[PDB]
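Here's a solo chain for you in structure tokens, the form solved without the named molecule.
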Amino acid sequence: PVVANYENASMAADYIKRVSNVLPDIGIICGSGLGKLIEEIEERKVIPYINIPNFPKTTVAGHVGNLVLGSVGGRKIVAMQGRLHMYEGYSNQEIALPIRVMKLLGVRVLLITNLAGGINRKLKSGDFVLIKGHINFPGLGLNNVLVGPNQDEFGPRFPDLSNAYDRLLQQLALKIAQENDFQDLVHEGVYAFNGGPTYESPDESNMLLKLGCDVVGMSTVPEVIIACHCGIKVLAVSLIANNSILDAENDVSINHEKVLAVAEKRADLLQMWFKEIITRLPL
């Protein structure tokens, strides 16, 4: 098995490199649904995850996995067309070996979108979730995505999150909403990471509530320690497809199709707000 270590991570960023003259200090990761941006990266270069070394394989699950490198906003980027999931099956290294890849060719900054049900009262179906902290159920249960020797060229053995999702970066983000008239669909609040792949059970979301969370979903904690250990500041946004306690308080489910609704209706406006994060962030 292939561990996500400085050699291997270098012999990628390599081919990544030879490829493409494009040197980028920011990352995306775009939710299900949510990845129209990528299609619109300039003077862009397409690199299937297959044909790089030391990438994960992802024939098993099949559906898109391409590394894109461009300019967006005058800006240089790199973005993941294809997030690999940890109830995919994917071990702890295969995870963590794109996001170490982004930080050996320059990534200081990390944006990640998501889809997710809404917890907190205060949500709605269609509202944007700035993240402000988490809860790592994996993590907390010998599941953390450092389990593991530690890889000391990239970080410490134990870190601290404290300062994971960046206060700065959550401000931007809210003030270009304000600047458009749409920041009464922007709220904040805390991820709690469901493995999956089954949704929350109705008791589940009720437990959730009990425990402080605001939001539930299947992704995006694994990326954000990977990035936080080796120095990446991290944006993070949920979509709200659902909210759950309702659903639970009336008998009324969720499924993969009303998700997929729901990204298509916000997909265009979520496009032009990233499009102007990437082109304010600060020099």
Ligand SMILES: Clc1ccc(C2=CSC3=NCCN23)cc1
Given for the second form:
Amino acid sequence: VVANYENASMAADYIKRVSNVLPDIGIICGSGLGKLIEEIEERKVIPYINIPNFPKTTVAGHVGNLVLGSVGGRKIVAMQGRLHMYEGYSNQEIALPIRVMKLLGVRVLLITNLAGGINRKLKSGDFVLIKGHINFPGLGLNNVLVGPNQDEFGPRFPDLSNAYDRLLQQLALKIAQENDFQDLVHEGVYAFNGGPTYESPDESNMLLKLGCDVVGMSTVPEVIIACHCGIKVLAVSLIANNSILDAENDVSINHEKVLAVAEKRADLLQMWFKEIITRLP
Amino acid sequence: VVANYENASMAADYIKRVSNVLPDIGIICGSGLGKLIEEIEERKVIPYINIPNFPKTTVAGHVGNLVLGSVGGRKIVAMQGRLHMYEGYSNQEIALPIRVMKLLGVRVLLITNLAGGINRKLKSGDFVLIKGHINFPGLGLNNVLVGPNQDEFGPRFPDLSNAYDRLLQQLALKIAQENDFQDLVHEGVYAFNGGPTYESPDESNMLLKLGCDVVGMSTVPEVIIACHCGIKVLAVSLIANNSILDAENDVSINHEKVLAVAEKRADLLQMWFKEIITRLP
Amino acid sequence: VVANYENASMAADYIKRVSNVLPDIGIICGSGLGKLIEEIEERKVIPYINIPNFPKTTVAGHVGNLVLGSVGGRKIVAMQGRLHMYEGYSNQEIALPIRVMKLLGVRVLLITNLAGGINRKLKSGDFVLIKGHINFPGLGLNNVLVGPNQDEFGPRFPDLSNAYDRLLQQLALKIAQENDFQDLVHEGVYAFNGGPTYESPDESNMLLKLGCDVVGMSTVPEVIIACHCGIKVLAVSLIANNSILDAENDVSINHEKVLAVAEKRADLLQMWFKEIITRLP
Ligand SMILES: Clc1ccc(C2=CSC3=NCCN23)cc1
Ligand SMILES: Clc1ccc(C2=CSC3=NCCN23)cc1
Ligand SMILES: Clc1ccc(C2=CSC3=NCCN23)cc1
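Next block, the form solved in complex with the named molecule, ref. the form solved without the named molecule:
Then the entire complex follows, led off by the chain already shown.
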């Protein structure tokens, strides 16, 4: 199924019939970072399998729901169960849920992910406000927009220079300062590694030479689809490890260590994003 | 349809029956840079849709013609309507028209494109004679030659060290000096960004570190297919903007600004390439 | 056909019925470097076309056999006729023979390849023990593991930091010292160029900046599939040329020069790997 105007419209019509919520804000949460979705007020849960034209996610399994409701007095829509390109999903499958958000009225998209640290200042448990990216799949002819352009949504050749909104970054930092955890918050450039193997030690050393601060396997495809159709983005990485220190010391990484860092920071991240939602313009 | 010897032969046979021209020179022109095609003498226009085994271009639409005729007393064939890989065309679709040129007798291919400047010496409106390239799709398993080798056309493992002919570069520069616009002409290395998003600010900074002078979304696939089958190439970029200055100043880019630069330089480029065609060995 | 547990099991069952060999060691040899396979004792030759679920290799042609038998008193299985991703084989086709090795009992995989030298210390005819890699296809969403994870074989997110076993590297070096050819043996980082074009002169200069020692078009996909399922790896490059010197001097390369270097070093490499097999733990 193509992520075109007709197919996105059919999905949006179903959601409006079931939900009664017109959301202004969309959220996509990283693994182990989804507690906020469970606290959405007056919520409505819509399994992806119920929605016309949503991608099929049964080969990978696990949860897959849209959740609509209220947080801090604002109307929101969340993806619970994220689609990643290393799983084999196509460009069209990644893009269709974001374009449905657009048709439902979303103007701001908030995103979190787990990432490896490249900048020497970064420690396990730190946060990075993403200010730009290096898209290795895009340079190499696997951009999420390869294919015919869907002109109803945006232009053939988008400019990404303002993909990461400056004022949203400033608001996130302001809340951290108000609550005395600004020492955990950095800004940086995110490198997209298609995955699913972690960056090798010598790949990490290369990324340090090229001016990357963090590296991960998500986020950039959704940012590009949002920017193409005029949705503002805030994206925050939680640092699982420093890959440069690990390379210099011959130390390993695994999904278990990543998820333990996620559990340590989950409650703070939930509170931070609730406050951002409450206050964003 | 595969870009093999039998399929290219059927297309070439049709063209020879309709056209009566055996061309020595092929041209592919960048967007807004096609005026020369409209001045071809004794011309014959052959829509792609009429030619056996030519790729289907109706999803993207717009013009798609082969034009044969004379320029400066030389016999030429032009592609009017270029195929780009960010549109979703396959390796085989890009390659078949160049291999048909080979079977028609083409020995030299002249190419223009619009590009972003990375080298700090480059200004909007400058020209760059391409002397080499950095092929990010090729390094990343999306080379135009991935697939079975078509042995009738060239070798399994081509060498690209002489893909950009030195004497053709010298002749282009000589004509610029004769007519007092050599101050606009540079030489440089072209980075292939698969696209269709413009290079991000942080991607531009990376390309500066890696020794690239210009960046764009075309040209390298056609150069590789031509080199594989023994066709000499001259490739010239028109600089739409300096992406490094734009990153340092927080300034944006769009297809409209690009096309305005193309209109400013269109007549000079037409005259330059007419003179190159007249004089090349 | 997917490289899953059921499909690999059917292939392994056929091989055990025909062969009577349970191998501990697997080998994959570079082009012109396969003499050792011809010296396997008490050997059994099984064409790929005879084995359930093995990939179809008739479009490319040439040899394609599994060979089982004894070398130096150890039980081995060799791939005679290597599958390369520049030929158009999919992720699943590359992976299935390595996963069949796993099910047959292989614990160690030995690999050779032909490569271009980037480090200035490297000369034609030198050997490089690979200690790490830079996987441009992997960074760019063409990793061999893109797709559903086959959980019976390994984890969703593998760590590659110990993909190249340290003790196997030490043993290879020890044998070279015992026989007075250690002056030919280096260690280094391997860059994977998807191919099939040789690295361009300006790509070679980029790889020098990024800390690569050698560049080639194979090996990394098989290393990743082996590491994912717990097989230890030794990988050795034979240097055909120095691509940096060739770029500075305007000198070319071709498959013929590569194969002449292979013929010069073939007998030494056969003797070296026979001794490694005899002595590895
Ligand atoms: Cl991350 C964060 C965000 C907000 C607070 C806070 C201090 S007072 C108060 N009334 C409701 C929220 N709130 C603390 C931490
Ligand atoms: Cl780009 C260019 C190329 C040629 C000329 C020129 C000066 S005299 C003359 N007779 C015909 C062409 N021609 C000027 C500019
Ligand atoms: Cl590459 C290599 C490997 C081994 C030797 C060697 C010296 S004595 C001896 N008995 C059998 C093998 N062998 C020489 C060269």
